[PDB]
Amino acid sequence: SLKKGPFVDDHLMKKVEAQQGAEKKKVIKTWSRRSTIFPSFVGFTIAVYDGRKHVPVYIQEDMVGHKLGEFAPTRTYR
Amino acid sequence: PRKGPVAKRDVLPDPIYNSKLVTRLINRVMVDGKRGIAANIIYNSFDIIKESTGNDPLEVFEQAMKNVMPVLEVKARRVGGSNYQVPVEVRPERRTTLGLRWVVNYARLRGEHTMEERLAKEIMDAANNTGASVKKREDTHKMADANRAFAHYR
Amino acid sequence: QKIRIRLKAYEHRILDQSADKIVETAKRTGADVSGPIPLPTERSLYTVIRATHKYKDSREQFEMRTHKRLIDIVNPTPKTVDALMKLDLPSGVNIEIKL
Amino acid sequence: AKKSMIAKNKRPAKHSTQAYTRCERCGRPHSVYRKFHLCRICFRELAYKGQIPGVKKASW
Amino acid sequence: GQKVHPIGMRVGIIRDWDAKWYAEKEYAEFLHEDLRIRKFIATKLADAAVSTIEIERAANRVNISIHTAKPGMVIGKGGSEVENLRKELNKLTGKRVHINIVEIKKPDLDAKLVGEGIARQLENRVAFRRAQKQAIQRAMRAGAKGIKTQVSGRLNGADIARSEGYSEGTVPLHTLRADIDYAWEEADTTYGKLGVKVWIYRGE
Amino acid sequence: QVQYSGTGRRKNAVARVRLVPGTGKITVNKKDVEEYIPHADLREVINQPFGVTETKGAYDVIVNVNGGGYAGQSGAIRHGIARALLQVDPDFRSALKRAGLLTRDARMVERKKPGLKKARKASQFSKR
RNA sequence: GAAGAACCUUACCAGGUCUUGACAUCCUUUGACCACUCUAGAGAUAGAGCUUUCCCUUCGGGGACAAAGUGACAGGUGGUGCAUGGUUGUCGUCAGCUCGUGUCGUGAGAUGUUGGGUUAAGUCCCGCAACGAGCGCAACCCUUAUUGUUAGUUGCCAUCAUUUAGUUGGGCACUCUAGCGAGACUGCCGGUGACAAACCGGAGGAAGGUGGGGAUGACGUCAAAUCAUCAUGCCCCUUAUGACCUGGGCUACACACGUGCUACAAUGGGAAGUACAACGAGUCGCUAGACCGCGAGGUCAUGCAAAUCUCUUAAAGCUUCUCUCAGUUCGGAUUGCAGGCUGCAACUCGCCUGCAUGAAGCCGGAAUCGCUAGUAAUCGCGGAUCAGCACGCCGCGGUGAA
Ligand SMILES: [Zn+2]
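Protein chains in written order, with PDB author numbering: chain s, 4 to 81; chain g, 2 to 155; chain j, 4 to 102; chain n, 2 to 61; chain c, 2 to 205; chain i, 3 to 130.
A portion of the hints provided could be inaccurate.
[Stated by the list, open to error] Taking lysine to any residue and the SDA-like style, the derived pairs with C-alpha atoms no more than 25 Å apart in a straight line are:
no. : chain 1 : residue 1 : chain 2 : residue 2
1   : i       : 114       : j       : 68
2   : c       : 107       : c       : 121
3   : n       : 58        : j       : 63
[Unchecked claim] Calculated from the model, a selection of chain n residues having no Cβ within reach of chain c, i.e. all distances over 12 Å:
no. : residue
4   : 3
5   : 6
6   : 8
7   : 12
8   : 16
9   : 19
10  : 30
11  : 41
12  : 61
[To be verified] Over the 12 Å line for every Cβ pair with chain j, so calculated as not near, a few chain c residues:
no. : residue
13  : 72
14  : 85
15  : 92
16  : 129
17  : 135
18  : 137
19  : 141
20  : 162
21  : 192
Keep in mind the hints are simulated off the structure, nothing from the lab. Backbone N, C-alpha and C fix where the C-beta goes; we use that ideal spot for every residue, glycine too.
Make the full structure from the sequences, and use the hints.
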C-alpha cells in the first residue's frame, strides 16, 4: 500500500528538500532503506548505509523504480 | 502371523450382478476407494462384453476361469537355510487372488489408448486363451516340475 | 418474558444445585418457570511439548469443560423479583439476567 | 541484559509493528499466549500445580 | 525423569482448583495477581509454617484463606498482624480483602511440612539417614499405611550425585482412589540445588 | 392422521423415518433416490430390509435424513426401517436377526494421536 | 527447539553515547513530577518552550520526586550438564523386582521367584519346604459402542394453523442437549480339555471373551540433554560477559544430505448446470445483505457478547460435448510489465490478480520405510501465537481395499 507515488520519511525528507534548493552534497547517515526514489531527485547524492558503513553514492538520472538500498548490498559476497 | 492362522475377512455380494469374485475384482481395480467412476467403467466393461461377441457375463467369466486358472505355485523358502524354492499347490482363495491379479496386471498395462479399451478387451481376451493370464499360465506350466527335487521336502 | 437467564459454570454439581435453589426461590414466592435446559458445554484444547530444551516430537494436551444452562421465567411476580435482586451467590454460576 | 528487555514491553511502542509479547514471570517471547501471559513450559508446570482454573490433562 | 504428579493426574477429579473462578475475558490478570500475592506469603509462612492457601473472589472482597497450626503466630493477638497485612496487601491490591485462618488437623501429616522439616535438618548439618528414619518413625506416629521418601543429588555436601530413599509399608500409584500426598522441597545450604520428595499412602 | 415412528443413527448422520402403508415413496426432504443420490444409488442396498424379508411392497415413506456423504446417510436408514417393520410385527425380527443388517457397525474413523500425522501413518523412516 | 523476524522479537556484525548507568535498600531543594509542543538528528537526546506545579493540618510532622550525585554497587544472554536441581528422550506396557516368617548349606548365600498346561499378563490352577505379602498387569479416569427419567430455546417439527421456507400459534411426537440411570459381566449353554484355567462353538444380546480407542511410562541402563525458562557450587566482565539509538544478519552460495508438496495424463483435461459434515472462532472482531469488479481491490452497512448471524452450499459427488496418447487441451519451475493488500513502508526481507510463459518430468537404478481394516489410500474445512504469513503442526469431516 505505497501506490501513492513518492515516499521519503520526514527528517530525511526535509533534508532532501534542502538539497533540492541547494547544490548537491553527498553524505546522509540514516536508514537508507525506506525512502523511495522519484524524478525530482535527478543528479543528487545520498549516502546509502549497508550495515557496515554509509556509501555516499550519487543519485542517478533514471532511478525511479526502487529506493536507496540497492546501491550498497546487504550481504557483500566475496 | 506368528501365533496362529488369522481370521478370514471375507467379501460381500453384488446387488445387481450378485457375485463376490466379481466384487473382489471390483475392489482390486478400485483406486482411492472411489466407487462411482469405477462403477461406471465396470458397467461399461460388462456392456462391451455383452454386445461385442458376447453371450453372457457369467459365461465369459467362466470361460476366463477355464483359461485363467492358476494351477501351481513355486515358493522360494528355506527351512534348512539355503536358496531353496519349492513348487507347491495353489490355495483356492489364492487361486482366485492370482487370477484377478493377472487380470489387473495385463488389463492395466496392455497399451491401448482409452482407459477401458484395454480393460474391456482384456476381460474379453482372458475368456479364450489370450492375455498375459495365459502367459503366466505358461510360466506356471513350465517352471514347475523343474526346480522341485532339491526343495522336495516342502 | 422479560426475565430469562444463562447459567455458566464448570461441572455437574454447581449448575444444577444452584438452579434448584433459584427455581425454588422462584416458584416458592411465585410460579411461571421452565426447566434448566442444558447447553452443549463449550470446549477448546491446548498443547504443550514434553521437554525443557528440545523435543518438539512429544506434546501434551489439555482441555476445558464448562457446562451451561438456560432458565426462562414468563411474567413473574414481584416476590420472585425480590428473590432475584438479592440472591446473587455463588459466583461460580454467573450472576446474569437478560432478555 | 534481559532486565532492559523486560522493561522494553513496559515502555510505550515507537510505532505499530514494534509491539511484541513475552511471559510475565519469565520473559520468553516464543510460545507465549496472549490469553494467559505465560510461556509454554511455565504454563506446563503451573498446570501440574493445578493453580490455573479450568485446564486439566485430557484423554479420550 | 519420567514420573507424573498424581496430584496432577487427579486434579479436578477428587480435589478442587485454587482459583475457584469463572472469569470470562478478564482471566489472566487475576491469575498473575494470584502469582503476585503468592510471592507475598513468606511473612505468614515464617512463623506459622502454612501448607495450603485457598483463594476465591467476591464482588470486591478478595476472599483468601490459609491453613496452619498457629493462629497467634498469624493473627497477632487482637489484630496487630492482621491490619499490617491488610495495609501491605492493600498496597498489592487496592481493593477489599479478607484473610481467613483455619486450624490445621494433624500437622504431623502435612507432607509439605515433613519435607520442610527434613530440609530444615539439612540446613544445619544433620545426617540424612537418621533424619529420614525418624521421619518414617513420626509418620508411623502420624498413622499411615505405606510411605516412600526420596532424596537426590550432592548428598553430604559433596561431589557427584547420589539418590537413595526410604520406603515402608505398601504404596501403589496405579490406583485412582488413593489421595496420596506429594511435595518437592529444596535441599540447599550452600551447594547448588537439591531436594526431597515424599510418597505417603493413607487410603481413600 | 396416521404415521409410524422411525429414526436412524450411523456415521454423523441421523434419520427421520415416517411410514404410512402405501406403494413406495422415498424422497428425503422431497428428494428421491435418483434426485438426492447420484448414479450409485443401489436399491437392494437400501431396500434390502424389504429385499430379504417381506419383499417388497413397497410402502410409502416420509424420510428425513441428513449428514455426511451419500453412503453414510444411506447406512443410517435401516434402524427406522426395523422400527417400522417392528411396528408391523416382531415376528419378522427373528428373521432380521438371522439375516443381520441390525447390529449397528460402530466402525467410525479411529481417533488420531497428537504426535503423529494420521491414526497410524508413521514417518517415512530413513536408514537412520 | 524458534506456535509466525522490515527495526522489534536477534544471542550476532557497523556507527554514535552513558558507563551509581535504562534495570537495585539511602543522599539534596522533597519536587509536586514524568507530561505536551520547538531547532536538530539515527537517536541515545543536548538545549528549550512548559512549569512540567504542593493531593491534612489540632499552630508541627510526614503521607509523593523527574534528572542531580555518592558507597554498599547494581547489571551478566559468559563458561564448567563432568559441581547441579527440576524436567525430558530410550529399552518398554518389557514382564519383572523385592519383603516378613519358616527352612538347607560352616559361610558367602540359597529357598519363595519353583516343574506341567495356560495366557497381553510373575494371569491362573495342578505338582513342589515353603508359607504368604508388597511394589507390578489390570480395574477405579475419559470417549465411543443401545437406551430410561428429568426438561424444552435458537435443537426438532408431530395432529394441525403460518407459509417461499419451523416463518409465528402450538409442541417435544423424530433429533438434540446432560444429571442420574440401566446394560456387557466367559453373563448362559454345548464341546475339547484330569473335572485345572484356557480354547473351540452357539444362543441371547446394539455390543462377547482386555466391545474399539486415549490416560497409566515400576526398579534401572545412556556422566544421553538442558547454566538460555528458573536459580544456585565454582570461575569471570563489572567504563563491560551492562546498556540506548540507525542499518544489515541468521534468507548470499562453490556442494552434500533429510523431511515433505506437485506434475509426469486420457478412473483423465476442459465446459455447463445438479447435494450432504463436524470441531471451533468471531464485539472492535465473523461479516447479514447491495454492486462495480478477468482481479488483487474497494461500496453503504445489519445481525453476531453467542444451539440466533457469519466464516461454512464443505470438497471429494452426479449428468451432458471435447481431446485419441502427443512434453501434449498434462504440467507450471520461469523471469519482466500493469495493479492491489496488512504494515507506514515489502530489492534487503510478506501476500495476492491479470499479462510474457510452457521449461523439466512420459513413473525414478542400487537402496529402504510404513501398514493386518473406515485401516492403508484420497479429498475438503476448523484451529495454536498471528501488523500480515504454512507444502508446518494439532484436529474434524466425507469416499473407501488387499
Ligand atoms: Zn510461562
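Quickly compare the C-alpha distance for residue 107(c) and residue 121(c) to 25 Å and report which way the hint goes. holds (19 Å)
Straight-line Cα separation of residue 58(n) and residue 63(j) no greater than 25 Å? Between residue 58(n) and residue 63(j) the Cα gap is close to 8 Å, so the pair holds against 25 Å.
Decide, holds or violated, for the assertion that all CB atoms of chain j are farther than 12 Å from the CB of residue 192(c). holds (22 Å)
Would you say residue 61(n) is clear of chain c, with no C-beta pair closer than or equal to 12 Å? Holds, because the least Cβ-Cβ distance between residue 61(n) and chain c comes to about 15 Å, which exceeds 12 Å.
Cβ separation check - residue 41(n) to all of chain c, threshold 12 Å: Answer for residue 41(n): holds, closest chain c Cβ roughly 15 Å.
According to the definition I'm using, a residue is off the interface if its beta carbon is farther than 12 Å from all beta carbons of the partner; does residue 162(c) meet that for chain j? holds (18 Å)
Non-interface label on residue 135(c), tested against every C-beta of chain j at 12 Å: holds (35 Å)
Beyond 12 Å from each Cβ of chain j, as asserted for residue 92(c): Consistent with the label, residue 92(c) stays out of reach of chain j, its closest Cβ about 25 Å off (over 12 Å).
Is the claim that residue 8(n) lies outside the interface with chain c correct, judged by CB distances over 12 Å? Its Cβ never comes within 12 Å of chain c, the nearest being 17 Å, so this holds.
Residue 141(c) clear of chain j by more than 12 Å, beta carbon to beta carbon? The claim stands: residue 141(c) keeps its Cβ more than 12 Å from every Cβ of chain j (closest is about 37 Å).
Evaluate the condition: distance from the CB of residue 72(c) to the nearest CB of chain j exceeds 12 Å. Non-interface label stands for residue 72(c): nearest chain j Cβ at 27 Å, farther than 12 Å.
Minimum Cβ distance from residue 19(n) to chain c greater than 12 Å, as the annotation requires: Label holds. Min Cβ-Cβ 22 Å, cutoff 12 Å.
Going down the numbered hints, you'll see the structure goes against none, and every one checks out.
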